[PDB]
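First, one chain by itself: the form deposited without its partner chain, in structure tokens.
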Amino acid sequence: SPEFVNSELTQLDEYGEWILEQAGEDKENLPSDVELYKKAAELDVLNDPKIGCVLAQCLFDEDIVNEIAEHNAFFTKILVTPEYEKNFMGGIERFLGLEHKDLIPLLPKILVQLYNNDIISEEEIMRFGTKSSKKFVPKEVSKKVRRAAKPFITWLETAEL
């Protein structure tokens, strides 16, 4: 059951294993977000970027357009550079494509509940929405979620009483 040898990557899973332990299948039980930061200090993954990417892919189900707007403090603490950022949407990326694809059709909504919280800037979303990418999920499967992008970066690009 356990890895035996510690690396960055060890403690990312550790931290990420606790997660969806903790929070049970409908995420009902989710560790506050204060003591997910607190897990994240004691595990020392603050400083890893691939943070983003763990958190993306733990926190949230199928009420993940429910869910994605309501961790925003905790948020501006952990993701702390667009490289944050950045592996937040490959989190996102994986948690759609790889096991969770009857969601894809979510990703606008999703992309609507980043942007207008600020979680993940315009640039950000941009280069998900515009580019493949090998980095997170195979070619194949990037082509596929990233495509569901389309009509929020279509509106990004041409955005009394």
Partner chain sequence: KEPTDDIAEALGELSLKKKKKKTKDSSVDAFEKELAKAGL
The other form holds:
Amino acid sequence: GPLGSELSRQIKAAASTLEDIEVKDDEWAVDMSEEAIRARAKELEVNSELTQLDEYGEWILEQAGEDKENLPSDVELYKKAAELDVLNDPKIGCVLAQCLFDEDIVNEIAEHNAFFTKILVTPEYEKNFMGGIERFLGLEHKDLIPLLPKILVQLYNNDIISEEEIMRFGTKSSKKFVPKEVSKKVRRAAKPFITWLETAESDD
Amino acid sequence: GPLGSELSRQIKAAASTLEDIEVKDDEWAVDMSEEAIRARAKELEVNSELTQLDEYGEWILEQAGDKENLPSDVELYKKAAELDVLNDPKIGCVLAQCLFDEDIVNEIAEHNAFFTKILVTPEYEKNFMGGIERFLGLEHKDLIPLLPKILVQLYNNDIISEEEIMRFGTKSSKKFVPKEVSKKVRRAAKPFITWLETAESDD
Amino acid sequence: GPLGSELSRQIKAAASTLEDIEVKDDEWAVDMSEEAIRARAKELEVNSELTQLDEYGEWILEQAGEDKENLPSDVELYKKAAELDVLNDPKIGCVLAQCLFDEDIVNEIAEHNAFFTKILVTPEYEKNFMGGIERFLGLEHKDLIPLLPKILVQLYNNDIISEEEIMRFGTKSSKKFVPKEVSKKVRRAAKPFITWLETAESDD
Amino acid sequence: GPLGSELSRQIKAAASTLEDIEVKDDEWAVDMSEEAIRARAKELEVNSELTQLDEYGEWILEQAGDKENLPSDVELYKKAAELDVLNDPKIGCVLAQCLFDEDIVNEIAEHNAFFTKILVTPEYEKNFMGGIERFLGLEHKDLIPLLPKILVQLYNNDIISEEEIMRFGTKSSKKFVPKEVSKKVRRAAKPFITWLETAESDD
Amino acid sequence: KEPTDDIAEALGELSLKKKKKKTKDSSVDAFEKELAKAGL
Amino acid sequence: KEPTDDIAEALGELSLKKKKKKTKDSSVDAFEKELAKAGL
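Could the form deposited with its partner chain bound be shown next, to go alongside the form deposited without its partner chain?
Following is the full complex, with the preceding chain placed first.
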């Protein structure tokens, strides 16, 4: 056929590799091979910090529910972070950006100023928070991307995120949080605000 | 070009799907969607349900290395009691996948009193048979020809009930092995199963 | 992530292999590489017989159109086959089965008896015709699969296809014309007729 | 399991798509659907449109083997007239992809009268530039750094118009090369293109 | 409850009765005559 | 013709005016007081 012997063999091998993964994943709970036992042991050590972040996000979502008006108090949000030992993890900003907000984000992002100042210790935390916003709008709620200019005004005016990190989010391609096509779309939706900022900084 | 629109559209769809999987895997550690959290939580729950069974299996495999150096039946039972796996019907799945090697036809009859003591319910027997289906169907396909002989030992030594041997040979599992492997294993068992069906009909 | 370094590398390589195929296929007409020139030359020699079958099918479809009541006469169908030198090709049955019929197949399959006797020279031609029916119902017109018992009655009663080839179509898995899942579905839709035949042959 | 439902569903979708492509390819020779016939007919039509161009290219590549043994400009023109490709604007695409090697910066100025005689319209020049984009962007990516020098020769020897050099350096093609390759080639050309833009502005 | 029209029509037509070999060979003769008129 | 509500609201809010650093540090004090009441 049009593929040729070599490409047909490559495609068939890929399919079989994928089919084997599906069998291994589907039968994991009855798999007592040395490979599966060792893998389950490694997943515990490698994902310890991730499990702690997951538990924080799960608690936030479980306590607030669909509406973010039932969100635990900022004091409660901080206490749980300390309890789970995630305060020293820059990815806590990524968790908060993806779990604290709903469709009322423009109003919600400005209701936790003191909390963010205390939690976002370094620019790395701010970058992780911006990455989380990129995922929340670019991947999970594409319908809210039109709110990005307003979201950025709230971040800049309330000094929640530095001008430098807002500029990196709007002008730099980071493959760490979202795919390149999603990044391009978010930066475009941010351009109206970023252009204003670049001009305001040029005017000094 | 040579492909035609349909084949080209499909090759493009396959590439996009594969790229999407790469990005999901690359971004797993920053993915805090409800679905990613639920997925990691569900695996943690399964991993935790298997902690004692995994520890039992690893100890068997480490202590054995050749299954002649397998720990004694007495040591196997004592370790099971220490890890609290005796009350877990899946202990049969662990034992079937960790105690045997190429000498299974003989080894499967060298632990009679142990298996009689530990396989206390038909559920334990079903789990043991599932483990055998995995040992032969997935991990050692070269030993599938030994199945009628293995079943003869299990039936002759009263290790597994005839009702459970019949389920393994007549029923399609999805739990322990893929449908293709179940069909292959049941076919290799047909010689013994046929005999058991006639004996049951005669009696 | 859950894939692991090795499987991630395998998936990325597969994607790149597929992306390269798409580029090569999309730019074929501007590709003057030694590979493309040589490939275009090979496709002509390798697909000579296939081009002749294609031309026959194209002519049948072009002359009849959507309705198979405008089909050229059996004499015309034979003359074109000779003109294209496809009479000596067992795959002519596969072409005819896929191009001569529409939703009125039950009636149409019995309107060309003498033609089929002359065209389907060996059991191999009959097998190719049955393969074509398998593709027509199992892949192109899944809505007509319920007509298979009736289609088989017309084939058996009019002696268009041998009992032996009807039985192979209904009881054997041939990966040559359709995928295994499609074969299983067609043989199931045929089982009502096949059961009758197996019993009639047992009764002798 | 470790994948989670979403990643598992995607891996299953990728496997099914790949299996579907394998079956389409395996059954191509018995596929007499209107779509399969149309596809094979469309490729035959494209192959036929390229018969003389392919024969011209193969003759160039065979006769050359080192492009120093390239046939003479006189022989290149005579063969073009014999194969009736002189009136085909795509002759530029063939020549750009078959006449040059690692010594292109010099070779691209050793055929001035030939190119002046054969590149009779801007369409021929566009096709030549597309062929260069393929030669450098796809077949010899190591030679992409030579693009500003190649463009200097093309502009200095009046082989390609400034209007067409600007299109190659400023416009995104999809016809000759993928968007990623166009972006890379246009970036490597920027040093010369910038100069040409200023000269045009000054004049 | 699935439709039964297609299966019922087939079930009713079921019959060991088949086209006579001579009848099949006879229809062949008219066709061959039409072919001869076309030079084949 | 696309809606303009989201962009227009943002365009109207555009302002170099920013939260005072002292104001930011002051809100921090009430929060730290709430934290001290919790032993943190």
